[PDB]
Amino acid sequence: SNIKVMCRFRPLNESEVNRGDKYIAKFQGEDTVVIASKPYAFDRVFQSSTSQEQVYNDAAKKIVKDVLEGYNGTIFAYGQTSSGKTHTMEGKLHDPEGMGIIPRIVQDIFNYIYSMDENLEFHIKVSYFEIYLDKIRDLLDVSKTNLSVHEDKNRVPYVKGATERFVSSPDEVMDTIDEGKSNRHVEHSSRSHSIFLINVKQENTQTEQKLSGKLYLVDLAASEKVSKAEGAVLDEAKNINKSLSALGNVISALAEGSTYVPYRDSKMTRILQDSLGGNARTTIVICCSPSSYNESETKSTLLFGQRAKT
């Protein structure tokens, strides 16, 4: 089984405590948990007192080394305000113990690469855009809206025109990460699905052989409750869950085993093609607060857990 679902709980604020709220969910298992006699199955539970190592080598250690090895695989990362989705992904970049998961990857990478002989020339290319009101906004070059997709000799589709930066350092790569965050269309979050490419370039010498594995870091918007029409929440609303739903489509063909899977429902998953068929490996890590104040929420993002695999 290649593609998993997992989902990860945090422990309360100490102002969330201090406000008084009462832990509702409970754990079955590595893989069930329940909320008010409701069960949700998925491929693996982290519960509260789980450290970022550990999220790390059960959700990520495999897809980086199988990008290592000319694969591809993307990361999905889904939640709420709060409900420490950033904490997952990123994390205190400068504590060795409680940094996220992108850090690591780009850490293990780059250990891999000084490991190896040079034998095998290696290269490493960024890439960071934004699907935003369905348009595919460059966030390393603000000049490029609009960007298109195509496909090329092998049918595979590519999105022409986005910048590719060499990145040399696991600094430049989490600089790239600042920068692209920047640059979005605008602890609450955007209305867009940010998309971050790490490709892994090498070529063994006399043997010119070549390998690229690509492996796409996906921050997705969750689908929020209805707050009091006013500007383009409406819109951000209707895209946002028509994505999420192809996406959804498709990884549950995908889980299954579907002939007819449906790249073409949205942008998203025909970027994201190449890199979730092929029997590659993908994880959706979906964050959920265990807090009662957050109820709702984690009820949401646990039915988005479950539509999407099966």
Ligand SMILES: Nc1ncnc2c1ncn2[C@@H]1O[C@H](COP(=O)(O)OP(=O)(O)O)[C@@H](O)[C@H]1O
The other form holds:
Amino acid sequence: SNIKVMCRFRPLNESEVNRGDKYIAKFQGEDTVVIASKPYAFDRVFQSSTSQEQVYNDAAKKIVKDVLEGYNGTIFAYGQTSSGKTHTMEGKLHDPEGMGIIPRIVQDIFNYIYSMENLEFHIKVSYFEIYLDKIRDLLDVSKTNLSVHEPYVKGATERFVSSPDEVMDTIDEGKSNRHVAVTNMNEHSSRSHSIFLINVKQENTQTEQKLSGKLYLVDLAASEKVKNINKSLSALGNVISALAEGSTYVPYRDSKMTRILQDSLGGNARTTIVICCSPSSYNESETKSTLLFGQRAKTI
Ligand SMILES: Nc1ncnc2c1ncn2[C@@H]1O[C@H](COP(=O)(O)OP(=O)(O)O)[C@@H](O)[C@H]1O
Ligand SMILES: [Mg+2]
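Mind pulling up the form solved in complex with the ligand next to the form solved without the ligand we just looked at?
Shown next: the complete complex, the earlier chain at its head.
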């Protein structure tokens, strides 16, 4: 498979420093993190002060190209509550430097569209949420328990978009709709998955050569138990382990999430998983857990 895992350590936060937490994360080359003297090796390791643009360039840039070249793809942020998942995928949406993966992907995609000649494009976006193994449409709050059919989500809103501005507006709209019938936003968002889909259609007007690529950009529920592992996250660990083994059968049916992502995760699809970590001594075992999860994808 074409699954890459990259590990991102964020800085110690204010509140970790108030306790006398130490920085337990040690670094060996550009692909290795060391914790309690155990090495953990990934496709890349991002140290605490890594810029938002370096994470983009290594995690995501090539997958855009592959989408524009007609492949499907997935990028995930996985990790503990407060580990940096949302900072990685979204970050400061409108800030040229604080911008996370999604808004950069949208900038690159359009830099390619606008730079073309006989090529015609249709780009459409969907944005939904998975909570308790159920799908809610984040663009239409009247659609709360959507079903997955043979791979598409029945009834999901799809919006045609002509500029990155309309994409970002669609995300901000989504982020706001997500508060509907939710009492506690952080709590809920750390307990659910948010999934953004860019579908990029191209037709060469003079050659009738058509291409389509889907890109799912997923900010996953928090990885630490709440007393089981979140259901989509166990499905996903099992899909990854099976791809890692080169199993001919992949248990996509283990969750609605891995059923939607079936044509975009494994096989011919491209996949980066950004595992996010806190460097704090306080979180040593959850971090170990996050690394362990990251390693399921190492081929055997
Ligand atoms: N690489 C980083 N650099 C600076 N601050 C960060 C970084 N990652 C996370 N933070 C901050 O720590 C807090 C938790 O990040 P967030 O992405 O909200 O965590 P999560 O989505 O994993 O629960 C946020 O306020 C975020 O701004
Ligand atoms: Mg978050």
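Heads up, when I say rigid core I mean the largest set of C-alphas that superpose within 1.5 Å between the two forms. Positions refer to the first chain, counted from 1.
The comparison between these two forms, aligned on the rigid core, picks out a single residue among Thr74, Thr86, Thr163, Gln107 whose CA moves by 2 Å or more, and that residue is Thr86.
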